[PDB]
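**Q** Produce the entire structure from the sequences given, and follow the hints as far as they go.
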Amino acid sequence: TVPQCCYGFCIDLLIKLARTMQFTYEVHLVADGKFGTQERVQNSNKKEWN
Amino acid sequence: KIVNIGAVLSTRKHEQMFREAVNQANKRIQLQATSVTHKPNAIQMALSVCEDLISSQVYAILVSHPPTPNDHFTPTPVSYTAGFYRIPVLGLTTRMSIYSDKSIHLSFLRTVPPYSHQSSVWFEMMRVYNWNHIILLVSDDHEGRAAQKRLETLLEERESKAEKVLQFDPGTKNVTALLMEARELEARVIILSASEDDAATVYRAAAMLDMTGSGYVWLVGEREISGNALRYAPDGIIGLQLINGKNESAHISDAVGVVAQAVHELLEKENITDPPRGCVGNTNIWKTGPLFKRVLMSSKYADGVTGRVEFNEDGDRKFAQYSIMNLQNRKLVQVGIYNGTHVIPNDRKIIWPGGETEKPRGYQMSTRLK
Amino acid sequence: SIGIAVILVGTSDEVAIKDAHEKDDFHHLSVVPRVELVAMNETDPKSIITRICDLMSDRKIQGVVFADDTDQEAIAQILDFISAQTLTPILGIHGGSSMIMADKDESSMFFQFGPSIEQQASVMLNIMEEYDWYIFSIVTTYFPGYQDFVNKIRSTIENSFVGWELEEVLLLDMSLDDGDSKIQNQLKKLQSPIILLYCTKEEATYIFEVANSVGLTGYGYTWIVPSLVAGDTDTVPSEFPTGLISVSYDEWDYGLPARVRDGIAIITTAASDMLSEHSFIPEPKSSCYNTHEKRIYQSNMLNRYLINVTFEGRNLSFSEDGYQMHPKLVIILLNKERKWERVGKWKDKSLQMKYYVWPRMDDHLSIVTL
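Chains as they are written, first to last, in the entry's author numbering: chain A, 450 to 499; chain B, 25 to 52, 58 to 399; chain C, 34 to 394, 403 to 411.
Think of the hints as simulated: they come from the structure by calculation, not from any bench. Be a bit skeptical, because a hint or two may be false.
DSS-like, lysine-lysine: derived pairs with alpha carbons at most 27 Å apart [unchecked claim]:
| # | chain 1 | residue 1 | chain 2 | residue 2 |
| --- | --- | --- | --- | --- |
| 1 | C | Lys361 | C | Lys378 |
| 2 | B | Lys131 | B | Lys399 |
| 3 | C | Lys185 | C | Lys380 |
| 4 | C | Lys234 | C | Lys221 |
| 5 | C | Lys137 | C | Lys372 |
| 6 | B | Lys131 | C | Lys185 |
| 7 | A | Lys483 | B | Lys190 |
| 8 | C | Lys234 | C | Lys372 |
| 9 | C | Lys378 | C | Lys234 |
| 10 | B | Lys68 | A | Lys483 |
| 11 | C | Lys137 | A | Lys495 |
| 12 | C | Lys327 | B | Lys68 |
| 13 | C | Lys93 | B | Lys68 |
| 14 | C | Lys234 | A | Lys496 |
| 15 | A | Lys495 | B | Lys190 |
| 16 | B | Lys131 | C | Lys234 |
| 17 | B | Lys68 | B | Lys347 |
| 18 | C | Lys327 | A | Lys495 |
Not the full set, but computed from the structure, chain C residues with beta-carbon under 10 Å of chain B [as the list claims (entries may be wrong)]:
| # | residue |
| --- | --- |
| 19 | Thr119 |
| 20 | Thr174 |
| 21 | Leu209 |
| 22 | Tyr252 |
| 23 | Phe313 |
| 24 | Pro317 |
| 25 | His325 |
If you want the ones that stay clear, here's a sample from chain B, every Cβ over 12 Å from chain C, calculated [what the hints assert, rightly or not]:
| # | residue |
| --- | --- |
| 26 | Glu80 |
| 27 | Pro106 |
| 28 | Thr110 |
| 29 | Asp130 |
| 30 | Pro142 |
| 31 | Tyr144 |
| 32 | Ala331 |
| 33 | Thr335 |
| 34 | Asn358 |
Ideal Cβ placement from N, Cα and C applies to all residues, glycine included.
**A** Here it is as structure tokens:
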């Protein structure tokens, strides 16, 4: 992992919520780069998201 | 008619007590008694059980725990040798959850509840102390998985998921990397489920990470209190103890009272055939035993010397009594009694870890998100 | 000189087995196996225990291969118990010693010759999908392995582009009393032309006796059953409906002139390869009594190598749960004259039937198009 820079429509919106709700944040990027879906894991009875 | 009932114990005094109990039950049909000691191995036990079954041709077998502390591998051969002919066997002082499966153990019932059933007391304590954030810590065994599944079902009954469940393999001597993860969470209530020999390593590691001071609440079971765990145990640990389970004799008297009520209803049916005395001769399945154990588990007993005797559809006990203990100044004191379905504390005062006297909230809200 | 025993039960060609035993040539490795044929009856499990004790104690027997001809299912459990109590590995080859096992012990060394439940389910699904049978239903009873079957079927039918149709899943209990009315009432809800089953022999006979009273077994209903439902092709309960499809293990052209030889070759090579590299061989005191301290030497390497063996251009590697992992399956059918006619074979996930179209045994028309 390497540090980068983030800005846009969803970045300045988190700052407004952080000032109104008075909390601290630490933004990072998703590893695999997907949104999320439920699949099957190693053909088992259980299912998980990604 | 005459029908004898057999059992297997390892004590001369227990044999005399069983003889006195069957003689007293004779005054309540004709029945006899049959007992045999324990062998230092398994195949000897199996051959002795077969020989005693051939010599007496009993219709029911009772078995308790040996003087061994584990009491797990001992009742294993008797179960197979008996259930080969599908005859009911009642357990007296067994606590493992392996005999709770109807597949591997078909004909087996319990008089005391197993270790996997001390999860409703914790649920009632959480409901009465409004605790909603807990940290489960079980071991990588069958008992741990059974208790974890029971607690997860009890929690999901109200649609409330646990925060995080952590596991550790048995025989571990360094769980520092595991406890370092449970300290970065929101909850402050730690539920532990391990063995007396393994719990001593968790207590010795928690005392180094300052996880046993104020604001923390420790909830454990019965096996985590006794043994060598009291040597390394911080104050405020709320343990559990069974009412009369530890003593053998109270049950033997109560066991012969409920099984005899089924024999009166056993001989009152048609197509009745006594089990064969051919432990060596036959290999067939006796017609009795599927209908015998059907009404045996449903035999509602009125009242005995150790409380009411009931049975669920799993071959286990029901409506047990637990004493909510508490450790203060290296001395356990009784604080409450679990009345089967509710918790009622007495006038004694409760002490919490750290030294303060106040019910912790068991939650520490953080102001840093990801 | 490794002592390998051979045990047979019931009527069998003892002279043919004795003649075919001297057919393996393992002179390329230092094995020099000793063979001791012994025959016995089917008196009782305790007789088997005494027999295996005497054989282990007679002369340095380090391995036993078991064969039988009866349809008893608890023989496998008894052999698993013996192989758990003793560190001598035993193998299941034929008869009751081949029937399926729920779960072995953690330290048990017992391997059977036969397919698992998932393999049979996959074979039946291939049979169904080859003849365009996309609508079916599942009915089974309480048995140690029904849940794996249902889970395997559901997992297979959820990730395919073809159109499956599953409905009316039943879990009826035949162990209850006076429930035949409820069984016959639920059973009338079936409407699919394909019905799967997972039971025992007597359970299947009773289920068919109840089903033929309703009448969904005459013309437009096909029944598929696993290998344990038939068991012995020589005997027929005369109540099985005509046209019963069953997948069984290969036993016609593969009797017992070579199974014992293959088992002896496996154990022998295993003992050789465990001796060559590790420069050691587990040869403790060959006794069955006082074996609580006989586990002083770790034998998990031999257990870890017994699941990897190849000889005479064949793959005999076992699996984690202890099945052949590569069997040769056949397909039989019950025709008018009550017998079993082989229809097709299955090997290496490759099904090869003999009929291009299934013979229907009027509202069945033909249609031509362009």
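**Q** Now look at each hint and say whether the structure bears it out.
**A** These are the hints, each one checked on the structure:
{"no.": "1", "hint": "C/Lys361 with C/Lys378", "result": "holds, 7 Å"}
{"no.": "2", "hint": "B/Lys131 with B/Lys399", "result": "violated, 47 Å"}
{"no.": "3", "hint": "C/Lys185 with C/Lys380", "result": "holds, 20 Å"}
{"no.": "4", "hint": "C/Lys234 with C/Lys221", "result": "holds, 22 Å"}
{"no.": "5", "hint": "C/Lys137 with C/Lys372", "result": "violated, 35 Å"}
{"no.": "6", "hint": "B/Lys131 with C/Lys185", "result": "holds, 22 Å"}
{"no.": "7", "hint": "A/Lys483 with B/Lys190", "result": "holds, 26 Å"}
{"no.": "8", "hint": "C/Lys234 with C/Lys372", "result": "holds, 16 Å"}
{"no.": "9", "hint": "C/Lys378 with C/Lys234", "result": "holds, 23 Å"}
{"no.": "10", "hint": "B/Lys68 with A/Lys483", "result": "violated, 62 Å"}
{"no.": "11", "hint": "C/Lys137 with A/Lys495", "result": "holds, 24 Å"}
{"no.": "12", "hint": "C/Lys327 with B/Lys68", "result": "holds, 17 Å"}
{"no.": "13", "hint": "C/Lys93 with B/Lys68", "result": "holds, 25 Å"}
{"no.": "14", "hint": "C/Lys234 with A/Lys496", "result": "violated, 36 Å"}
{"no.": "15", "hint": "A/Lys495 with B/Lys190", "result": "holds, 17 Å"}
{"no.": "16", "hint": "B/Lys131 with C/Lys234", "result": "holds, 20 Å"}
{"no.": "17", "hint": "B/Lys68 with B/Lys347", "result": "violated, 31 Å"}
{"no.": "18", "hint": "C/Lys327 with A/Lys495", "result": "violated, 41 Å"}
{"no.": "19", "hint": "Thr119", "result": "holds, 8 Å"}
{"no.": "20", "hint": "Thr174", "result": "violated, 12 Å"}
{"no.": "21", "hint": "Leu209", "result": "holds, 8 Å"}
{"no.": "22", "hint": "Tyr252", "result": "violated, 36 Å"}
{"no.": "23", "hint": "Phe313", "result": "violated, 25 Å"}
{"no.": "24", "hint": "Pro317", "result": "violated, 16 Å"}
{"no.": "25", "hint": "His325", "result": "holds, 6 Å"}
{"no.": "26", "hint": "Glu80", "result": "violated, 8 Å"}
{"no.": "27", "hint": "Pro106", "result": "violated, 7 Å"}
{"no.": "28", "hint": "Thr110", "result": "violated, 7 Å"}
{"no.": "29", "hint": "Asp130", "result": "violated, 9 Å"}
{"no.": "30", "hint": "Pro142", "result": "holds, 23 Å"}
{"no.": "31", "hint": "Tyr144", "result": "holds, 19 Å"}
{"no.": "32", "hint": "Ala331", "result": "holds, 24 Å"}
{"no.": "33", "hint": "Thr335", "result": "holds, 30 Å"}
{"no.": "34", "hint": "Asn358", "result": "holds, 42 Å"}
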